[PDB]
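Asks: Take a look at the letters that make up each chain.
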Amino acid sequence: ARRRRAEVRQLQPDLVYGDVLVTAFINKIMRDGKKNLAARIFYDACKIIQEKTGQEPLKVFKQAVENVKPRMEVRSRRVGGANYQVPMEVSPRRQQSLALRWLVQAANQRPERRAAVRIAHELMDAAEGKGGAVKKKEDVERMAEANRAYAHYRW
Amino acid sequence: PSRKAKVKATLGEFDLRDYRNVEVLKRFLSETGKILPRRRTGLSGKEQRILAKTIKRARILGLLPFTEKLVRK
Amino acid sequence: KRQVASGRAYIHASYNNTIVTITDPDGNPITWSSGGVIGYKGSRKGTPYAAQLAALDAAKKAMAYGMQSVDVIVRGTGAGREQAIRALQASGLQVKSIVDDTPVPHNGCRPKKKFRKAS
RNA sequence: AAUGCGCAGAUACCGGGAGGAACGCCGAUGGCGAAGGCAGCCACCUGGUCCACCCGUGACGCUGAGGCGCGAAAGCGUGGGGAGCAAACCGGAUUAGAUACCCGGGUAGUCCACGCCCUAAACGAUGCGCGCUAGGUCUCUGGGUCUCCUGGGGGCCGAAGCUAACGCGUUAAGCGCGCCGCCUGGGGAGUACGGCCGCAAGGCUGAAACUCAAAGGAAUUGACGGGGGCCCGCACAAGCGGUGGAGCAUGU
Ligand SMILES: [Mg+2]
Ligand SMILES: [Mg+2]
Ligand SMILES: [Mg+2]
Ligand SMILES: [Mg+2]
Ligand SMILES: [Mg+2]
Ligand SMILES: [Mg+2]
Ligand SMILES: [Mg+2]
Ligand SMILES: [Mg+2]
Ligand SMILES: [Mg+2]
Ligand SMILES: [Mg+2]
Ligand SMILES: [Mg+2]
Ligand SMILES: [Mg+2]
Ligand SMILES: [Mg+2]
Ligand SMILES: [Mg+2]
Ligand SMILES: [Mg+2]
Ligand SMILES: [Mg+2]
Ligand SMILES: [Mg+2]
Ligand SMILES: [Mg+2]
Ligand SMILES: [Mg+2]
Ligand SMILES: [Mg+2]
Ligand SMILES: [Mg+2]
Ligand SMILES: [Mg+2]
Ligand SMILES: [Mg+2]
Ligand SMILES: [Mg+2]
Ligand SMILES: [Mg+2]
Ligand SMILES: [Mg+2]
Ligand SMILES: [Mg+2]
Ligand SMILES: [Mg+2]
Ligand SMILES: [Mg+2]
Ligand SMILES: [Mg+2]
Ligand SMILES: [Mg+2]
Ligand SMILES: [Mg+2]
Ligand SMILES: [Mg+2]
Ligand SMILES: [Mg+2]
Ligand SMILES: [Mg+2]
Ligand SMILES: [Mg+2]
Ligand SMILES: [Mg+2]
Ligand SMILES: [Mg+2]
Ligand SMILES: [Mg+2]
Numbered sequence: 002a003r004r005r006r007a008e009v010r011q012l013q014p015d016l017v018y019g020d021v022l023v024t025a026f027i028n029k030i031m032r033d034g035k036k037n038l039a040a041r042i043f044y045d046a047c048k049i050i051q052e053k054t055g056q057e058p059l060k061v062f063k064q065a066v067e068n069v070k071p072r073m074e075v076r077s078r079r080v081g082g083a084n085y086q087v088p089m090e091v092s093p094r095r096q097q098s099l100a101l102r103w104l105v106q107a108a109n110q111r112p113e114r115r116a117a118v119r120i121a122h123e124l125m126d127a128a129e130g131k132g133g134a135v136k137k138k139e140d141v142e143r144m145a146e147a148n149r150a151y152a153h154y155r156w
Numbered sequence: 016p017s018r019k020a021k022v023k024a025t026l027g028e029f030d031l032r033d034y035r036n037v038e039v040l041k042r043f044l045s046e047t048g049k050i051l052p053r054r055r056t057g058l059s060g061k062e063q064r065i066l067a068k069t070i071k072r073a074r075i076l077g078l079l080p081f082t083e084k085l086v087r088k
Numbered sequence: 011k012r013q014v015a016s017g018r019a020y021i022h023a024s025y026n027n028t029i030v031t032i033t034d035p036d037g038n039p040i041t042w043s044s045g046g047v048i049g050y051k052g053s054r055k056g057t058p059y060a061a062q063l064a065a066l067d068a069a070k071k072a073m074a075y076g077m078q079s080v081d082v083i084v085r086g087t088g089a090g091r092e093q094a095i096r097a098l099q100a101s102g103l104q105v106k107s108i109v110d111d112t113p114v115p116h117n118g119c120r121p122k123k124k125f126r127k128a129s
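Chains as they are written, first to last, in the entry's author numbering: chain G, 2 to 156; chain R, 16 to 88; chain K, 11 to 129.
No lab work stands behind these hints, which were simulated from the structure alone. Don't be surprised by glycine CBs; every beta carbon is placed ideally from N, CA and C. Accuracy of the hints is not assured; some may be wrong.
To be verified - Interface residues of chain K toward chain G, partial, derived using beta-carbon atoms under 10 angstroms:
no.: 1; residue: 39
no.: 2; residue: 42
no.: 3; residue: 60
no.: 4; residue: 85
no.: 5; residue: 87
To be verified - In silico BS3-like pairs for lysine-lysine, Cα to Cα no more than 30 angstroms straight-line:
no.: 6; chain 1: R; residue 1: 49; chain 2: K; residue 2: 122
no.: 7; chain 1: K; residue 1: 106; chain 2: R; residue 2: 49
no.: 8; chain 1: R; residue 1: 19; chain 2: R; residue 2: 68
no.: 9; chain 1: R; residue 1: 84; chain 2: K; residue 2: 70
no.: 10; chain 1: G; residue 1: 131; chain 2: G; residue 2: 36
no.: 11; chain 1: R; residue 1: 49; chain 2: K; residue 2: 123
To be verified - Label-pair distances were calculated between CB atoms; the ranges are:
no.: 12; chain 1: R; residue 1: 47; chain 2: K; residue 2: 128; range: 22 to 30 angstroms
no.: 13; chain 1: K; residue 1: 106; chain 2: G; residue 2: 2; range: 49 to 57 angstroms
no.: 14; chain 1: G; residue 1: 5; chain 2: K; residue 2: 26; range: 38 to 46 angstroms
no.: 15; chain 1: R; residue 1: 46; chain 2: K; residue 2: 121; range: 22 to 30 angstroms
no.: 16; chain 1: R; residue 1: 60; chain 2: K; residue 2: 114; range: 23 to 31 angstroms
no.: 17; chain 1: R; residue 1: 48; chain 2: K; residue 2: 76; range: 32 to 40 angstroms
no.: 18; chain 1: G; residue 1: 5; chain 2: K; residue 2: 81; range: 52 to 60 angstroms
no.: 19; chain 1: R; residue 1: 55; chain 2: G; residue 2: 72; range: 44 to 52 angstroms
no.: 20; chain 1: G; residue 1: 92; chain 2: R; residue 2: 83; range: 42 to 50 angstroms
no.: 21; chain 1: G; residue 1: 156; chain 2: R; residue 2: 54; range: 33 to 41 angstroms
no.: 22; chain 1: R; residue 1: 60; chain 2: G; residue 2: 78; range: 46 to 54 angstroms
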């Protein structure tokens, strides 16, 4: 983006929850253009979020995304010295992306064999406060407020 | 731009050589003891030269400060 | 356990560290603090965050001599100067008045080379 | 960062004392001086200068080889002083190396008196004096009828004009006259020799053999800068997927 501030694209809502976040998730879950079996996963995951919990899946998926969104992160900075890890705020746009990406990645670390299950358990575990996704978020924010000394480079 | 209240104005019939007229002299220092510039005294090239010598004398008598302390920050 | 209530805060600002001394109304220190006292080491003691803690630490330490009211006397050119004040204010301690008292010669001692370049 | 200082209690803060050096603001776009150079305040002793009056003298003028005196800093001698700062030096870092830049120390010195030294980018790189040749404008300092006139000084822009150009232009680098100093291609070389001066360091004065075909001024177009400003590109950043590891294909 050297010229224009570059706008975000508007993913068409889900076919089953009529939601935008759920397309976003489904898109991050998808690889090699196989969108059919990315949705075939997220939904299989959704059946599992109920037959393991009295809660409705959308409310849980949304609930867990919020628990993974990072209020602070560092991004490095070259100064009149070297690399300084400046603690930055995190835009609501970037928290979206970071959360979702982290959720899939965390999910695919898991030892469960079916994909839907891994997504399911990560989606659940993250709602209930725990799980690898959240750990690389409570972690991220821990590097901020540790480099707090360099907050005075707020950009 | 670069102009508020001028000091030659706020007063009237004074002697610039009177090094005892503290009540008049002191109008010419900042909040700190610092002697104000011409752009604020409003004195002419000369008047200022004579007042600075006057203020200096009045500092040695202990009537005017040499330096004071800023009070906001 | 002296009990004082009213006292003075001397912020000593510098491009290298920040040191906050709290004293009684005569000027004798009740307590002090600085970037090094809050366990920082090198360049980070000049950092204004440090200065915030350094003031907050020095506060609390004195807020247990029953201080409440402080006259602030800033005395340095450096970074973390105003932030040391910010910290002092936000510590409940009533700041009764802030004064800059940075000492300056009427041109007197030949400065270190580092600090003169063109005199 | 580390030498370093700190539990023999530093740093920070308050009170008292000692000392040495410099004089913030005013203060600069300013003033004074022949130049070097001159800045807290008071007094004394001294130098130059500018205005008005149009009073006195009556060409008593200008320049000036040599002479004499002055002459930043550093340096030297004798004595004193010594806060801060600091060649040399002693350490710590940095680096390929680091006899450096950065950091902690630190002697001479920087200070004062007296006596030397006599140099400089001692620069406006512009000898002094006098006359003449549009103006505008800002400023310092006098005087008169004080919206304005009239001196002396400091800047800027500009008439004519000058200049290789840059630029100069009533504070000439214009137009003239007087007098002094100096130049005559680069190197060798401010060197050698001699002389004069100096306590010394050194200073003045100042060549030749030899060697080169340039050395050099200003300006033009570019290119370049680890110079500025402005701006692009999957250039970086944000992101997805890779190569680099394996086996094989293929080119080298
Ligand atoms: Mg030790
Ligand atoms: Mg002990
Ligand atoms: Mg001390
Ligand atoms: Mg003391
Ligand atoms: Mg002593
Ligand atoms: Mg002059
Ligand atoms: Mg000069
Ligand atoms: Mg006189
Ligand atoms: Mg007559
Ligand atoms: Mg006659
Ligand atoms: Mg003469
Ligand atoms: Mg001399
Ligand atoms: Mg000397
Ligand atoms: Mg000596
Ligand atoms: Mg001696
Ligand atoms: Mg001695
Ligand atoms: Mg040193
Ligand atoms: Mg030193
Ligand atoms: Mg002498
Ligand atoms: Mg001479
Ligand atoms: Mg002439
Ligand atoms: Mg007048
Ligand atoms: Mg004039
Ligand atoms: Mg002058
Ligand atoms: Mg012309
Ligand atoms: Mg000519
Ligand atoms: Mg021309
Ligand atoms: Mg001109
Ligand atoms: Mg000559
Ligand atoms: Mg020849
Ligand atoms: Mg020659
Ligand atoms: Mg020589
Ligand atoms: Mg000789
Ligand atoms: Mg001899
Ligand atoms: Mg040239
Ligand atoms: Mg260029
Ligand atoms: Mg990239
Ligand atoms: Mg391979
Ligand atoms: Mg071949």
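Asks: Can you name, in rising order, the numbers of the hints this structure does not satisfy?
Replies: 1, 2, 4, 5
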